[PDB]
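With chain A's structure known, arrange chain B on it following the hints.
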Amino acid sequence: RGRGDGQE
Amino acid sequence: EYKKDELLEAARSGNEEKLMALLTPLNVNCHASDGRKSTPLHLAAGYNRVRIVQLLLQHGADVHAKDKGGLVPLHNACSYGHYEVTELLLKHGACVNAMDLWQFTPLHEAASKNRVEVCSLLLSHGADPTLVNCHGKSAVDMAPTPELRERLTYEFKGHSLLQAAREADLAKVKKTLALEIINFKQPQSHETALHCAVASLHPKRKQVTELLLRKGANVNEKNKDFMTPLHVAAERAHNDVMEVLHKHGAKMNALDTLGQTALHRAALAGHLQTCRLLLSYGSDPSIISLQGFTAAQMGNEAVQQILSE
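First to last, the sequence lines map onto chains A and B. Take the UniProt record's numbering: the last position of the first sequence gets the number 17, and nothing is skipped along the way. Take the UniProt record's numbering: the last position of the second sequence gets the number 641, and nothing is skipped along the way.
Next comes chain B alone, as it looks inside the complex:
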C-alpha cells in the first residue's frame, strides 16, 4: 500500500516513468485510502495527464471505476474541461451518461462549470441534456449563461434531427422544423419574416427575401387575412421581391379571405407594371372574388387595358 500511494502520486503529477515503474495488473485499478478514493485513472483525468491516461487505458484501467461520490473518470475530465482526456475515455468506452450518487452526468459537470467545448463533445457522443439529477435539474438547467443554454439546446436538437431522418419519422422531423425561427409567426396578425421582408421599404429587401427563402421560409405563407407575401408585394408594387417569390414557386393565384388574388390587389391599387408582371408570371385574370369581381372590374381604364393587352 506504500507503492499504491506512489502510483497515485505519479498519476496526479503526470510522472510517466514512475507510473510505468510502479504499475502492475494488481494495482492499475487501486483506490486511494482517503479523500475522494480516486483511481489512478480518476487522478490522471482530473489533472489532465493525457499521456498517463493513455497508458492506464492501454494497461487495463477500468473506465467504469467509481470514486467516493460515484464519479467515473469521465466526470473528472468533464468537470475540469480537459477536452483531449474526455475524448480518449469516450474512445475507450466510458459511459457518456454515467451517473454519480446524485445522478449528475458528465454533461451536468461540464455545463455546470461552463466547459463549452467539452459539452459539445459529450453531445456528439450521445449525452442527453434532458436527463435530470436527483434535484430534478437537467444539464441545460445548470448551464450558467444563456449562451451555453442556447448552444446546448441547438446541438441536442441537431443530433435529434439526424436520428429522426435516419428513421424517416415524418411526424418528428415535421415537428422540430416547425419550431425553427424562420417560420416564426407574429402572434396577432400571423405574418412571417417573409411578409415583413417583401413589404420593406429598405434597399436590401430583395437580398433579405432571397435569404429567407433559401433558409426554408414558406413562400405561400398566409397571414391572418390569408395574404401571401405575393399579395403584400403586389399591392405595394414591390416588383423586385415579386420576381424572387416567383423564382421560388409562389402560387400566383392564391386567394386571400376576400377570394382575391395578388392581381386583384395590384389592380385595385392601380399598379400598371405590377399587373403586367403578374400576368407574365401566370396570374389568372378571370378569377372572381367572393364579392363578385374580377381584377379588371376593380381597376381603372389603364388597368383594364393592361389586362386586355
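Chain A on its own, in the form it takes in the complex:
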C-alpha cells in the first residue's frame, strides 16, 4: 500500500 500524491 503506497501513499498518495502530495507533500506536507
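Some clues are possibly wrong.
Some chain B residues near chain A, calculated using beta-carbon distances under 10 Å [unchecked claim]: (1) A364; (2) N380; (3) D399; (4) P405; (5) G413; (6) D432; (7) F436; (8) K445; (9) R447.
Over 10 Å on every C-beta distance to chain A, these chain B residues come out as not near it, computed from the model [said to hold, decoys possible]: (10) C362; (11) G392; (12) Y415; (13) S452; (14) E553.
Restraint ranges, calculated between C-beta atoms of paired labels, are given here [to be verified]: (15) B:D572 <-> A:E17: 50 to 58 Å; (16) A:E17 <-> B:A510: 34 to 42 Å; (17) A:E17 <-> B:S365: 24 to 32 Å; (18) A:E17 <-> B:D557: 54 to 62 Å; (19) B:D460 <-> A:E17: 18 to 26 Å; (20) B:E499 <-> A:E17: 34 to 42 Å; (21) B:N552 <-> A:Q16: 53 to 61 Å; (22) B:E349 <-> A:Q16: 20 to 28 Å; (23) B:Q495 <-> A:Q16: 30 to 38 Å; (24) B:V505 <-> A:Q16: 40 to 48 Å.
Since the hints were derived computationally from the structure, they do not count as laboratory data. In this text, a Cβ means the ideal position worked out from N, Cα and C, and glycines have one as well.
Structure of chain B alone, referenced to chain A:
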C-alpha cells in the same frame, strides 16, 4: 495525451494560468498514465494548490474520482494536513468516510500522520473514528500520540452527545454523561471528588467544591458508608463547604448506613456551630438512627442545648 500531462503538471505545480489554458470538459477528470494515476484534483489537493482546487471544482471536477489505491482527493488533502483544501472538498460534497482499497478513511490518513487540525475538521463533518480499516484498526488506533487519541475521543463524544440531545434519547445521554470524570468513584470506598474536596484541609477547598458542583458533581453522592459530602463536611466542622453544598440543594436529611443524618455526625463530634448551621439549613433534629438515637441523645450538654435553642 500530451496536453493531459501538461494539465496534471499545472495542477501539481499550482500554475493557474496554464491550468485554465489547458482545462476542458474533456480532460477535467483525466488520470495520469503512471504512478498513482491521480486526477488533477488529487494532485491539487495533495500539493495544497488551494486555488487550483477551487477552479477544478468550479469547472466540473469529480470529488469522487479514484486513484490507483482507491483514494479520493480528500485522502490526499487529509494525509498531508492541508486544512483549507479539506474544507473546500467537504463543501463540494466529498464523502467524509470514503474508503480506499484498504478501507482507510480520510480520518485514518489524518490521524495516522498526526494531522490534528484536519482530524477535528473531519469529525465536525461526521467522520466516524470507530470505522475500521481492513486490518480492523480504527482511526483512534492509528493516532500516534495519546494526546491525539484523547482529543479524537473527546470530539467524537461531543458530537455524539449533541445528536442524542436532538432525539431526546434519555438512555444515551444518561449513558455518556455517566462516564464523565466529574463523577469518577474511588474503586473501593466509592467517594467522588466532591467528598474529597469537602474533607480537604487546604484553603481553596471552598472554591474547589464550588467548581466541582458547577461542573455537574452530584451534591448528594453516597460513598460506601452512604455518607454524602454534607456528612463528611459536618463531622469535620468544614462549615465553609457546607454552605456551598446547601446553596446547591444538598439534602440535609440524607441518611448514612446507620440511619444518621449529617446532624447526628456533627453532634457526635461535638461541633456546636456546625450543629447550629445545620439546623438553620433545615436539618430535622427528630430523626432516629437505626441504633435508636436522635442527634441530641448522642451529644454532650452543649450540643443538647444548641438543638434546644
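| Assertion that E553 of chain B lies farther than 10 Å from chain A (Cβ) | 49 Å, holds
| message | The output says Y415 of chain B does not contact chain A. Does that hold with a beta carbon cutoff of 10 Å? | response | 12 Å, holds
| field | Closest CB of chain A to the CB of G392 of chain B still more than 10 Å away | value | 21 Å, holds
| Per-residue hint verdict: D399 of chain B, partner chain A, C-beta under 10 Å | Interface hint status for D399 of chain B: holds (6 Å vs cutoff 10 Å).
| message | Between the beta carbons of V505 of chain B and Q16 of chain A, is the distance compatible with 40 to 48 Å? | response | 44 Å, holds
| request: Could you say whether the range 53 to 61 Å given as a hint is met by the Cβ separation of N552 of chain B and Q16 of chain A? | output: Roughly 58 Å apart at Cβ, these two residues keep to the hinted range, so it holds.
| query | Does the nearest C-beta of chain A fall within a distance shorter than 10 Å of the C-beta of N380 of chain B? | reply | The hint holds - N380 of chain B has a Cβ within 10 Å of chain A, the shortest such distance being about 7 Å.
| message | Tell me if the interface restraint on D432 of chain B is satisfied: Cβ within less than 10 Å of some Cβ in chain A. | response | 8 Å, holds
| query | Is the shortest C-beta separation between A364 of chain B and chain A less than 10 Å? | reply | 8 Å, holds
| said: Taking 18 to 26 Å as the stated bounds, is the beta-carbon spacing between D460 of chain B and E17 of chain A within them? | reply: Since the Cβ atoms of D460 of chain B and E17 of chain A sit about 25 Å apart, the hinted range of 18 to 26 Å holds.
| Do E17 of chain A and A510 of chain B keep their Cβ atoms within the hinted range of 34 to 42 Å? | 40 Å, holds
| query | Do the numbers back the hint for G413 of chain B, that is, is its least Cβ distance to chain A under 10 Å? | reply | Because about 6 Å separates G413 of chain B from the closest Cβ in chain A, which is inside the 10 Å limit, the hint holds.
In this structure, every one of the numbered hints holds.
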